[PDB]
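Given next, in structure tokens, is a single chain: the form deposited without the named molecule.
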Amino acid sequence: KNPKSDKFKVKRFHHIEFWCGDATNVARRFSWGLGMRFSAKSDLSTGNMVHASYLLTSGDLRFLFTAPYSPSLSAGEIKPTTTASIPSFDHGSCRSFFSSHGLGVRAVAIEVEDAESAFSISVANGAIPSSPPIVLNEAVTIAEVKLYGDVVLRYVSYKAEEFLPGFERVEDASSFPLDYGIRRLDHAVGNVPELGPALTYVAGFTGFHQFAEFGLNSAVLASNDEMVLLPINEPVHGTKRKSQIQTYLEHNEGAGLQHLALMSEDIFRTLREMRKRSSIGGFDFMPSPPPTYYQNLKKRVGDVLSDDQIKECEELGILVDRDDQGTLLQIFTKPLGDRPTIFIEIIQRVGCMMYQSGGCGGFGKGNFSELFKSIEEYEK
């Protein structure tokens, strides 16, 4: 049941911004590992004496990597005379974030009809303001409110119908057209110490509604058309094995973004391409489930995948779960950096064809049961 109670006009996920120590090395690693193209830059070569920012794109997916230069380069500037292309940037905020959290997501950005309006209604509805609406070259408006921890939900709106003003397109020579099938951001998942207040706060200022489905507790906030999806986890203390949400909070120094789910238009090509590169600069994957798991998928999704595609799931380590309206293919990378905090999920959804409706197949809630049952039958 979808009340469609959005308090302002939300369109889609627009980009994800990583705050880094060195944007160059993180970005080049991510480009190779994920098959994303360098598509825009704002840095010393574009006149930006404040921060270095490099944009990777794959389909509609936009990963932005930003790091601070020495404040001495911009010591003479003031906010009216700034050369930063992203006016919310702050040297001290950025260095604090990185030293506290390590490599991680600073902004979950959604496009909206009117960023100034979305900021005002949000703050009027309990949102903690982070950066006030600022209009960039009379073309784009951007505004920020706190989401959880030091993560901000960023509103961006365009008068027109090129990422942001001040960013230049990167030269063809430095833009090799990598592509492993990733097409768009499906959802972004946060970890917090307690679920209730985080939900009450975010649902409070957005009007996002709870999305139904079927060592943690979780719930998913969703926009009107359920294309902006924001699950949130809290830890369940007392279990035999220590909750990984708790281990997240410990290594991240509190709440933050836990993982990003990237939709692929062909999850088999994506996993083949990423797994080719795991040990030559790309990303590692979580240990595959036992073949037990895969023997039992026939009874579950033999309706939906052939024996060959089930066998191909076993090669790549893919997981499969299923709602009452669709089926979900998913796999999880290992942590993206030094700490056991942020990781990436690759997914592909099958079913619920209207285009495809959001969250088709759910988010993998069934795979807790099927993992313990598969590990218990592989031991036998």
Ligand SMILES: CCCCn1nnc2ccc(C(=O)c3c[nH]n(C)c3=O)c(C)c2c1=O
Contents of the next structure:
Number of protein chains: 2
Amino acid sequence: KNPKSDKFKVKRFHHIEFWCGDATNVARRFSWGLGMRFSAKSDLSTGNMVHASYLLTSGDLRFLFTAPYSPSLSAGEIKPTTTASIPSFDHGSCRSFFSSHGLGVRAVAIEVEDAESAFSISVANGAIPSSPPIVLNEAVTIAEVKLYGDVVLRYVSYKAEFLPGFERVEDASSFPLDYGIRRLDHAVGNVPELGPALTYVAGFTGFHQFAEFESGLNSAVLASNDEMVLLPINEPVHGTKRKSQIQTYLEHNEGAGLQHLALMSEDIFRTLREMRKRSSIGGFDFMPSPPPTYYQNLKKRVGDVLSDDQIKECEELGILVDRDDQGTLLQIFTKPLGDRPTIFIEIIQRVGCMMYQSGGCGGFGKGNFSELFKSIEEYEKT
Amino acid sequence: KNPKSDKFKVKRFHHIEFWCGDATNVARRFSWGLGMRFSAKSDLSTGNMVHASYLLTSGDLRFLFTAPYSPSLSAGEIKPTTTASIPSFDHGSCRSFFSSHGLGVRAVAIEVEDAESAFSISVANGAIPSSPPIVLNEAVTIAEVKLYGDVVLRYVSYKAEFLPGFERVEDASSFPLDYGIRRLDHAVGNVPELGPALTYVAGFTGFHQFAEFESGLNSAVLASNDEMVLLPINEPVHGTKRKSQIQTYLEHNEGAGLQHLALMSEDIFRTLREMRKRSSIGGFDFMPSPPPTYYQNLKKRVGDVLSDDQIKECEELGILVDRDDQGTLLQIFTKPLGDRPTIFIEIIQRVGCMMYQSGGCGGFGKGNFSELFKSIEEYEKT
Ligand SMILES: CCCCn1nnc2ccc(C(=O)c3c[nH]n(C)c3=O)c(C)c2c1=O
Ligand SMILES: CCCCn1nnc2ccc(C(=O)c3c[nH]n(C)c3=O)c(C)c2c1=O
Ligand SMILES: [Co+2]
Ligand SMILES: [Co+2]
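Condition change, the form deposited without the named molecule to the form solved in complex with the named molecule:
Shown next: the complete complex, the earlier chain at its head.
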């Protein structure tokens, strides 16, 4: 059941912003590891004396990496005279965020019809304001409210390429990498208490709970009207045999924050081949592969969706498969993106729910907690 | 003239330590960009609750990348009970260093006969102590004194692989990259006043001035007894037509610090081919190439050392050439390694001074300031 209760018009995920200590090195690592092209920049070379910001793109996926310069470079500026291209940026906030959390997502940005309206309605409905609406070059409006922890939900609306003040990156520095990733599918937060987090976010957005179908977590998914903006939230389950990975996150992250970004691939086999080739040469590592029992068990549950060759191709790449009543999903998880056991990435591809594909087709793979446990048990038995 | 006045026995450069905000992403970027293998680690997986440290190696070159975890993970520890593998590490110091300077070199480490003796003699001779000698697993001794800015000179001595508490990296995560880099040739600091910096460092080491043969800087080189540890220092020259790059460094770095690391290649043409292939896919960018006039002028000055083909190979790769009275050097400079216009890398290869090669063979390329100016002037004339 989808009551379509959005309190303002939401379009799609727009971008994800990481707050970094050095944006250059993180952006270069991510570019190579994920096959994203350098698309835009705002930094000293573009007149920004406040922050260095680099934009990577793959299809419609936009990853922004931002780090502060020395405050001394902009010490004469005031907000009316700022050279920052992202007016919500604050040196102190960014250094505090990174010192507290390490590398992670500061902003989950969604495109809306009217960012000022979205902000006003959100705050009138309980959202904690973070940065008021600001109009950039009479062309783009940006505003921010708190989502969870030190993560903000950023509203972007365009009158009519990324943001004013960003320059397109010259093609000589813009190598056209592409491993198949095309858009952000969902963005997941970890919180200490799921109930109040859901009540807060659903309260100010009107996002509705997205329907699904004893290992670590409780979770629920908030969704926009057309269910293309998907925001799952987890809480830990305490007093368990194996310690909750949600609790480990909260400890190493110093509290709530973004847990994982799920990136949709138009060809998950090509994406995983390309990413796995680069794991040990600057790219990203993946979770340990499930035992062959898991892939033996795949025939009985998805043998009508995937051929045997496609199933053995899943086995070569360590891909996981789950299934809804409407669709099937292929997914895999990276090891943490930085030093701390906190944020990671999921690669996903969905099969089914054609009309275009409806959002969330196949669910989020929660059936894979069960199947991974069973498959590991069966494999020890050999 | 080399008076061989070292006040303690110095062997060779041992390692360079970068203080990072996220050691993982910087180390992965550097590994791919420079062709260095992941060799050792000290982090949560090895029992270190204090800092994440990753060691890259190429030949004898050792680059260490370190970042702090949340202090909460080690809040119960005291120095006697620390899980840090580098006892000089301090959360507050590291966060202050990185917030002040951005990504950069914290420690220039040299291997000595006896680190405790080196420390005592250094401090008795004016060195400002930074971390007292500490013996690790009765096997290695480490101590630190201030060098310039927030950079320390680190003494390491071994009784008899990197440091106790570091684990060798498993070969599955250790891809054997190698683009030809073999050792650290020199490490260069920028300071506001060269005179007092030289007096200080030469005062506590006994390092002697290394002999050489109107654009931005004054500099001098301090050298160990066999001139294998080479520490140049620059100061700005003010009131010039083009603003001093040394002054720009000091402004963006918030003061004195390490300017460039010069990495010796056993085959600079292979190194530059491999690095340039990767510039736009996660690696390092290089300075703009000199005009063809520079390479036309190369025949008249090094035509007896390099063939025409080797000279056109320099031209394809943007390599610079200078010459002493004893040797010739090939060199090239990267663009800055991170967000700020501060630290960069030089790749170098030296020809001549065989006996083994004596240190500093060919000088440091200061003749290239002159030749670059002339070559740019001649090229505008066409
Ligand atoms: C070695 C680590 C593997 C451990 N594991 N095994 N099976 C999983 C199935 C689905 C999801 C996931 O992505 C979501 C769950 N619920 N929602 C809303 C989601 O997005 C994750 C993260 C895992 C997951 O980590
Ligand atoms: C576009 C930027 C090119 C500008 N430039 N042109 N010619 C150079 C020649 C030598 C050295 C160098 O490495 C040292 C000088 N003195 N000492 C002791 C050194 O190590 C450098 C850094 C340059 C240098 O930057
Ligand atoms: Co997911
Ligand atoms: Co040099």
